[PDB]
Amino acid sequence: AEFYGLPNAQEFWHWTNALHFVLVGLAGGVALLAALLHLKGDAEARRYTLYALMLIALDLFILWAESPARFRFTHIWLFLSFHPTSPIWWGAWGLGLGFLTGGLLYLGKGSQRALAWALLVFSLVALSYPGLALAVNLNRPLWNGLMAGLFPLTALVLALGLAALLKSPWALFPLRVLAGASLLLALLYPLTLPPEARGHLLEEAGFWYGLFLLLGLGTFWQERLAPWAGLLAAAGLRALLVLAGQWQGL
Amino acid sequence: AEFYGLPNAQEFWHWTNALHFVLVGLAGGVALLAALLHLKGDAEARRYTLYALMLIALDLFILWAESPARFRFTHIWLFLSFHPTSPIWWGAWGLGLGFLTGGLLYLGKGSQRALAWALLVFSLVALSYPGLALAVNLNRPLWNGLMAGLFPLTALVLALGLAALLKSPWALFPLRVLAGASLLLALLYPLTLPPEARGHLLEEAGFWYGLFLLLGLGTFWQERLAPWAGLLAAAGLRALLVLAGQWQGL
Amino acid sequence: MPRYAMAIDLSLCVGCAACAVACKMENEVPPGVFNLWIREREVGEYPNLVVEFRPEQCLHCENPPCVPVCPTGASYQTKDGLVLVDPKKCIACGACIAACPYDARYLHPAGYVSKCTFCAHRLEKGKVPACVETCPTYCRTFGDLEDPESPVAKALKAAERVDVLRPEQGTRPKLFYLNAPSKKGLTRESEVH
Amino acid sequence: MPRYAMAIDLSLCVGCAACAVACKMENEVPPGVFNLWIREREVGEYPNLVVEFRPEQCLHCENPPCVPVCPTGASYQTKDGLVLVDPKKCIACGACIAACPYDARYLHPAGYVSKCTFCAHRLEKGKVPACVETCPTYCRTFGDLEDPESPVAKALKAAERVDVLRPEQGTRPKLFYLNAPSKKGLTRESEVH
Amino acid sequence: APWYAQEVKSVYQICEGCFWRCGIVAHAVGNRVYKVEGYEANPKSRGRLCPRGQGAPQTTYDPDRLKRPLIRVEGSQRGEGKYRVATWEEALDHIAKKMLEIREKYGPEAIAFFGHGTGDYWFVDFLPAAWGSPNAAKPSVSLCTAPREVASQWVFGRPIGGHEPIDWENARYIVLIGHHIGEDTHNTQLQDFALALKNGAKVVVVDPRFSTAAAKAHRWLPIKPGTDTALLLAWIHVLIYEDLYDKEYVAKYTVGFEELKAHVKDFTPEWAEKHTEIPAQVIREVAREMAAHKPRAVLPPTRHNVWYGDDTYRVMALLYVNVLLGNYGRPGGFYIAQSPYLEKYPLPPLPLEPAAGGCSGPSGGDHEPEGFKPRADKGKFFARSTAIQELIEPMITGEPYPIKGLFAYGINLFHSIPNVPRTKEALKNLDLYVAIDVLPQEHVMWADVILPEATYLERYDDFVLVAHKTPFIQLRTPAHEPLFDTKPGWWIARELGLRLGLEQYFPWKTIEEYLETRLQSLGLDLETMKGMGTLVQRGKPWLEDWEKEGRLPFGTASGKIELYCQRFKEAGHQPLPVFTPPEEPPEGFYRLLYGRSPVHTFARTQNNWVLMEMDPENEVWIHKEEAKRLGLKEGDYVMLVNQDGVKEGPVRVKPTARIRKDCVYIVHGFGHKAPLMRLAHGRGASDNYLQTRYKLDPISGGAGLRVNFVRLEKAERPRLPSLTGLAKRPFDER
Ligand SMILES: Nc1nc2c(c(=O)[nH]1)N[C@H]1C(S)=C(S)[C@@H](COP(=O)(O)OP(=O)(O)OC[C@H]3O[C@@H](n4cnc5c(=O)[nH]c(N)nc54)[C@H](O)[C@@H]3O)O[C@H]1N2
Ligand SMILES: Nc1nc2c(c(=O)[nH]1)N[C@H]1C(S)=C(S)[C@@H](COP(=O)(O)OP(=O)(O)OC[C@H]3O[C@@H](n4cnc5c(=O)[nH]c(N)nc54)[C@H](O)[C@@H]3O)O[C@H]1N2
Ligand code: SF4
Ligand code: SF4
Ligand code: SF4
Ligand code: SF4
Ligand code: SF4
Ligand code: SF4
Ligand code: SF4
Ligand code: SF4
Ligand code: SF4
Ligand SMILES: [Mo]
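Those protein sequences? They're chains G, C, B, F and A, same order as listed. All residue numbers for the first sequence refer to the authors' numbering, where the first residue is 1 and numbers rise by one. All residue numbers for the second sequence refer to the authors' numbering, where the first residue is 2 and numbers rise by one. All residue numbers for the third sequence refer to the authors' numbering, where the first residue is 1 and numbers rise by one. All residue numbers for the fourth sequence refer to the authors' numbering, where the first residue is 1 and numbers rise by one. All residue numbers for the fifth sequence refer to the authors' numbering, where the first residue is 30 and numbers rise by one.
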């Protein structure tokens with residue numbers, strides 16, 4: 001209760017690393033739309049493959065921009081070591097091989113639709129890694145097993161929300177299905193925590209939490225409200241869980 | 002290591018109950034289908050309601066026929082008290098009231114959209130209670146937070162898989178989206194566990210687990226294998242987590 | 001008004017299941033189940049060899065996870081700190097078994113769930129529990145935690161160390177272990193092999 | 001080939017912060033961050049007042065959660081049991097800070113993660129750490145766990161009791177608190193509120 | 030539904046759980062004892078009870094418990110299990126008719142009487158002497174206590190007794206030699222040992238195994254087996270040569286102390302460390318520490334002492350160390366135990382009377398010209414006690430005359446006497462073999478005539494007298510009437526006694542008639558005795574109380590420290606030099622050590638469902654590093670094979686270290702081959718079936734058992750019935 005000096009219990013991932021969490025949701029979700037649109041033969045497979053390349057690149061810039069190690073150029077090691085136990089390592093390659101693969105597909109060369117199978121795999125790795133980068137830390141009570149489920153569900157709500165605003169006929173229905181799955185697990189999450197962890201969550205966020213749950217109920221009303229209301233709900237929850245879970249707590 | 006007498010650490014939920022677990026998934030998810038159908042004003046809303054009633058009856062009958070207190074007639078207390086903190090209490094009221102609500106819908110008595118929204122809310126209570134009946138036991142390392150995510154998504158793969166065998170046209174696309182979600186979260190599940198618990202799941206099960214993960218991949222292949230494969234993966238996964246997770250273990 | 005508890009001195013316990021047999025007899029606990037058992041574990045090599053003898057049974061937790069999870073209201077906590085079951089409401093659903101972190105409860109063959117009762121039948125008529133009375137070594141003590149004179153209160157006051165099983169669940173057990181033999185504390189299966 | 005460890009006898013720690021200041025001077029640790037800090041907590045009520053003075057720092061865990069989590073490989077565990085950071089490969093991502101259960105890690109203002117180092121720079125020239133050297137009360141000891149002539153080894157043997165922070169976690173902390181002042185062991189914030 | 034809410038009837042009753050005979054209260058509801066409890070005034074229980082005492086009542090409510098007399102079908106072999114139901118009248122006639130025939134062509138000494146338990150007074154002490162046979166014996170003499178009783182009679186003039194006389198409450202330093210307290214679960218001594226620890230009593234344990242009592246010790250000396258007399262001689266040497274002994278005490282109460290100092294000259298802590306394997310510094314430190322605490326330092330003598338052939342020497346040496354410390358009769362470790370006063374029932378003297386020997390000719394003087402035929406083991410060892418294991422040979426060869434006919438009153442022929450094959454040959458050759466018991470064990474079903482006894486809760490027994498600090502008398506009253514066709518032992522004895530001309534002995538027409546006569550003597554009657562279950566009398570415990578009266582206790586007027594002028598003379602040696610290096614295990618083998626389970630009594634509790642459910646099998650203890658070289662792990666099973674090829678049923682392996690690499694250990698009493706005791710049949714390994722050989726103590730009739738070696742052979746897990754299934758069979762009094 002009293003200290004000489006202080007434990008290093010200060011926030012470590014700030015509002016900027018909560019912004020990247022939202023964009024890699026989009027980047028991975030759209031890369032999934034693109035490969036599936038390929039595999040299916042669809043006329044739109046190209047439009048969506050060059051978007052995913054921009055979203056992926058925007059994120060990889062924000063990832064270096066926000067790193068205090070940027071002008072020391074140490075990121076080359078992310079690609080020169082084998083580290084399978086590391087969620088973040090798996091996301092460096094998943095977004096890197098996912099880029100090259102999406103390049104060799106947009107420049108119609110190298111190879112066709114055997115390459116859409118590789119884009120499908122790399123997009124699943126990019127959709128899976130954040131969720132596990134949090135849940136892997138068993139010392140953080142709030143970041144439980146549900147993070148590995150709440151993040152991939154929520155990244156597809158972001159990709160289908162974007163797709164529906166660029167008026168693609170197919171996007172609305174699956175966005176309202178994954179948005180229902182997303183919102184129901186988000187409601188059950190608090191009931192899954194021990195009493196002290198839940199109490200911490202309701203005093204720190206919540207309103208904010210219960211706001212984004214209510215806001216998300218807007219995907220099931222009108223259009224041009226729908227993709228917006230589901231998009232703000234998915235990014236709310238994603239940013240708030242990264243911000244409120246950096247607690248170690250007894 | 003050695004005992005005089007023994008601790009009561011034996012299996013409390015049998016193959017009998019794991020069956021109840023696969024069934025309440027079907028029951029709840031078909032009651033969601035009947036609700037959403039009455040809500041679009043679609044013609045099939047009538048017979049889906051008969052089925053959700055049948056599966057609700059079949060599930061209450063085996064919950065009672067498997068109870069050690071089946072002839073002591075004490076289940077009446079489930080209905081004469083208020084226990085909001087208990088998943089099994091929530092489950093008894095959701096199914097029960099969901100069976101009256103769906104009873105009046107079938108008999109065109111006591112209103113009709115205001116009864117379809119009710120069936121919607123009671124079918125969300127019944128889809129939600131199983132994963133929480135597991136997940137609230139924070140002493141059992143395998144029943145972590147993801148159980149609140151794995152159980153709702155898997156009850157949907159069961160209902161939609163059934164709807165597609167009965168040849169309903171709308172369901173073979175939602176069945177593939179929801180089966181992709183369930184199999185992705187099921188694959189990341191073991192990676193969400195402390196080392197010793199993952200090692201315990203792998204020794205006691207897995208090979209069954211890994212077989213259920215492959216199986217479910219046939220939901221994206223040949224048209225009429227797709228519902229069988231999706232049904233067996235979702236039911237195998239539910240029963241395996243119920244039998245293998247009854248461990249306190251240090 | 002009292003807050004009921006039990007204290008066992010492990011420095012005196014020799015693991016002769018006397019208490020375990022006395023409870024079996026006094027409470028008519030059927031053959032395949034037990035309210036009380038003894039665990040025995042050795043720790044270490046030649047020149048530092050310790051043996052821990054440990055009786056285990058309902059700890060009558062102050063914050064019992066075995067109560068809120070019950071659908072009917074059969075599972076309940078008393079005003080003095082006793083955790084009990086009203087068999088008249090019990091549906092034998094096993095929710096309380098899933099929730100107890102100590103393997104303290106079982107399905108009795110009469111169709112309802114059972115477990116250590118702190119000998120509520122003897123407590124009500126002013127007697128001490130069966131385990132406490134039959135005990136050659138005098139290592140168990142019982143009483144009101146709030147009375148400075150009671151045998152448990154005294155036992156805790158005179159102890160060199162005090163421990164409780166799985167303290168990190170947050171159940172607040174009311175069965176206290178005194179003077180554990182090993183320097184590192186109560187023995188766990190995880191600190192083996 | 002040895003197993004490096006630190007032991008702190010809490011029956012002698014008075015929480016003066018000498019070790020903490022000796023560390024800051026030696027490793028020129030920058031303002032606002034600490035390799036070592038002291039925690040002081042009272043367990044209360046008059047006839048029975050207890051104060052725990054507890055120095056905290058990297059425990060150089062034997063099964064460190066901060067190593068596996070690193071994408072670069074800058075977080076490595078040595079052949080004798082020191083957890084260190086090679087700043088040449090560090091991308092300052094914080095994954096290790098997220099996985100450390102003890103708040104022992106910080107972002108250095110020069111753009112890489114830092115923490116106590118078991119005074120690696122002194123261990124190679126055959127010297128004892130700076131905090132161990134300055135200690136007025138003779139309460140901290142160091143050495144190879146496997147060599148029985150070691151000052152850690154002899155102290156572990158002489159201790160009345162041995163404890164570690166968050167044992168329930170996977171880690172196997174290699175910083176041992178010896179004679180804890182409260183009978184219930186090391187003080188926790190949940191045991192207050 | 031609960032028993033305590035239902036109507037109850039209590040009674041003051043003795044526990045027949047084992048021979049400690051604790052005073053208990055039994056709570057019955059109708060024809061069934063639901064609970065039993067200790068009681069405060071009683072000096073043995075004082076309110077507490079061990080596990081065996083608590084579970085003891087279920088044998089009375091066991092569906093396999095023996096109910097009717099039975100006679101062996103004519104023409105069927107003993108062993109084969111063919112019987113036909115009989116009447117008490119018919120079975121009792123058949124026995125007397127047969128007994129009388131053996132007596133007309135051989136004499137009455139051709140009938141051996143073996144027995145154990147409370148009613149052994151009738152079968153082993155009374156009936157045999159009234160009939161005229163000196164061949165009466167119990168296993169608690171040559172298979173237990175003989176070595177120490179003989180050592181004690183020679184050194185002091187007194188026994189050690191059934192309730193060993195240790196002043197535990199004032200003891201300050203205690204040394205246990207093989208004495209396992211906490212596994213051996215005798216009530217009062219568990220209580221006392223626990224109270225000593227509690228008051229700051231530091232305990233040293235000497236044992237090749239890290240036992241329960243060692244788990245409570247300040248020092249554990251892991252001694253090489255069969256080597257204790259070398260450690261005792263070297264401690265005797267340190268107290269005499271470093272001049273630490275109690276000088277006065279030896280000067281006023283000790284004869285021949287000089288012979289001892291010279292004998293022990295070369296037995297030094299360095300000579301001891303060589304055979305013992307305990308470092309010389311440790312041997313020295315332990316003797317100094319015990320000298321620093323006198324007279325409040327004690328080496329209490331253990332109960333089971335047959336270990337090796339030399340045994341009386343080891344105990345004599347342990348007793349010298351106690352004498353040298355000045356503790357006998359002083360508060361610290363030995364109080365002086367006097368027997369209570371309860372006058373015998375008036376009768377004519379018995380044809381044969383006993384000789385509680387110790388000095389001046391207690392061997393065969395009355396056996397040579399004195400009337401007609403001496404106990405059949407008369408020339409085999411020095412001491413005068415009857416040895417159960419030596420009178421078995423006379424039944425096979427007819428050597429010392431012939432013993433046709435044998436009685437077994439509650440004594441396990443196949444588990445308590447070594448060399449089971451030899452005992453089976455001997456039953457083959459008999460003209461008559463009767464067994465009185467309750468359960469259908471493996472040795473009861475080899476009998477011509479089986480008689481079902483009534484159990485301790487359905488029976489009255491002659492009083493139980495206990496020598497003690499405060500001598501006392503106990504009385505057991507039925508809690509309810511016998512079940513089925515069951516009869517008490519006092520009744521069975523009298524009924525046989527009237528049939529063989531012994532009416533002057535057995536005159537009284539009933540046991541309460543008998544009990545009223547002894548209560549007249551003391552100043553009470555039957556109803557008042559039932560009122561205060563136990564009776565405490567005045568006696569004495571120190572030396573002052575004796576001394577001020579102008580007397581001392583003993584044998585001959587001063588404890589003789591070397592200890593016995595008449596053995597010296599005609600036997601050979603006086604002192605305990607027989608440290609006699611022990612024969613060692615052959616390579617590939619281990620010494621077979623054995624002992625008690627806190628929850629099971631000897632062999633008789635293996636069919637008890639309340640107790641088998643706490644401990645369903647035994648487990649073999651091997652050092653962690655040996656089970657590893659062999660290819661054995663935690664849940665494996667194994668067969669134990671002895672140096673003579675005998676195999677003992679599959680046993681679980683226990684690879685946890687608390688034992689030397691020289692040895693292996695198993696609890697005694699498992700391995701039953703008795704199909705009719707449905708839950709004890711086929712479980713664990715029997716130590717007795719592996720104890721094929723034994724080294725005869727030439728001084729105290731004892732059969733040294735720890736002389737057998739065993740090796741382990743990988744076996745399959747056993748397939749057995751479910752214990753819960755069997756335990757659930759309902760009890761029907763028909
Ligand atoms: N191999 C080996 N032999 C030993 C020992 C050992 O450790 N190993 N220990 C030795 C020692 S120390 C002792 S003291 C002796 C004890 O030896 P025993 O007393 O012979 O041992 P138990 O195995 O209990 O056998 C008791 C027998 O009496 C029967 N019985 C029990 N209660 C009653 C009753 O009320 N009435 C009647 N009629 N019968 C009853 C039981 O069914 C059983 O047949 O054995 C000695 N023998
Ligand atoms: N639960 C229970 N308790 C009982 C009984 C029962 O049947 N059940 N029976 C009672 C009776 S009648 C008796 S006689 C006793 C028997 O019990 P004890 O009288 O205590 O027998 P001991 O043979 O002295 O002790 C057994 C110990 O002796 C050890 N030992 C073996 N060889 C040697 C050696 O060479 N040197 C040394 N120092 N130790 C050695 C073994 O390792 C074991 O740890 O217990 C009595 N109490
Ligand atoms: S009765 Fe006493 S010695 Fe026996 S198990 Fe219980 S606490 Fe331990
Ligand atoms: S088994 Fe009985 S006591 Fe336990 S939760 Fe169910 S109804 Fe309640
Ligand atoms: S020990 Fe078991 S029965 Fe008692 S409060 Fe805790 S969980 Fe409930
Ligand atoms: S207190 Fe009651 S329930 Fe607990 S062990 Fe004793 S008799 Fe059994
Ligand atoms: S030198 Fe000792 S007393 Fe001072 S802060 Fe360091 S550990 Fe605490
Ligand atoms: S901050 Fe540096 S040491 Fe820590 S995980 Fe990232 S790269 Fe590894
Ligand atoms: S205390 Fe934390 S930072 Fe230090 S080695 Fe252990 S897990 Fe890593
Ligand atoms: S070992 Fe070195 S770096 Fe660690 S706290 Fe001590 S002085 Fe600081
Ligand atoms: S010591 Fe135990 S088993 Fe023996 S008579 Fe006494 S209570 Fe019964
Ligand atoms: Mo004995």
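Be a bit skeptical, because a hint or two may be false.
Below, in silico cross-link-like pairs of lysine to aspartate or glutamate (DMTMM-like), each with a Cα-Cα straight-line distance of 25 Å or less [unchecked claim]: (1) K183(B) x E62(F); (2) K690(A) x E654(A); (3) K127(B) x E36(A); (4) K79(F) x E160(B); (5) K184(F) x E124(B); (6) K157(F) x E160(B); (7) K690(A) x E40(B); (8) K690(A) x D144(B); (9) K88(B) x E67(C); (10) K127(B) x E654(A); (11) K657(A) x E204(C); (12) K657(A) x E160(B); (13) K183(B) x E149(F); (14) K662(A) x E42(B); (15) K757(A) x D103(B); (16) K157(B) x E36(A).
Think of the hints as simulated: they come from the structure by calculation, not from any bench.
Q. Taken at face value, is the distance from the CA of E67(C) to the CA of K88(B) at most 25 Å?
A. The given pair, whose Cα atoms are some 18 Å apart, holds under the 25 Å limit.
Q. Between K184(F) and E124(B), is the straight-line Cα distance small enough, at 25 Å or below?
A. Not satisfied, since the Cα-Cα distance of roughly 32 Å exceeds 25 Å.
Q: Would you mind confirming whether the straight-line C-alpha gap from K757(A) to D103(B) stays at or under 25 Å?
A: Holds, at roughly 23 Å.
Q | 25 Å limit on alpha-carbon distance, applied to hinted pair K157(B) and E36(A) | A | Distance of about 41 Å is beyond 25 Å: violated.
Q.
Hinted pair, alpha-carbon criterion (25 Å max): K690(A), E654(A). Please report holds or violated.
A. Roughly 8 Å between the alpha carbons, so the hint for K690(A) and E654(A) holds.
Q: Could you grab the alpha-carbon distance between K657(A) and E204(C) and see if it respects the 25 Å cut-off?
A: Holds, at roughly 24 Å.
Q. Keeping to a limit of 25 Å between CA atoms, is the pair of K690(A) and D144(B) held or broken?
A. 50 Å, violated
Q: Assess, step by step, whether the Cα of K183(B) is no farther than 25 Å from the Cα of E62(F), and give holds or violated.
A: 20 Å, holds
Q | 25 Å Cα cutoff - pair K127(B), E36(A) | A | 18 Å, holds
**Q.** Pairwise hint evaluation, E40(B) against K690(A), where the allowed Cα distance is 25 Å at most
**A.** Cα-Cα ~22 Å, so holds.
Q: Assess, step by step, whether the Cα of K662(A) is no farther than 25 Å from the Cα of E42(B), and give holds or violated.
A: Answer holds: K662(A) to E42(B) is near 16 Å, not above 25 Å.
**Q.** Given hint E160(B) paired with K79(F) - CA-CA distance at most 25 Å
**A.** Violated: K79(F) and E160(B) sit about 38 Å apart, past 25 Å.
Comparing the model with each earlier hint shows violations of hints 4, 5, 8, 10, 12 and 16; every other hint is respected.
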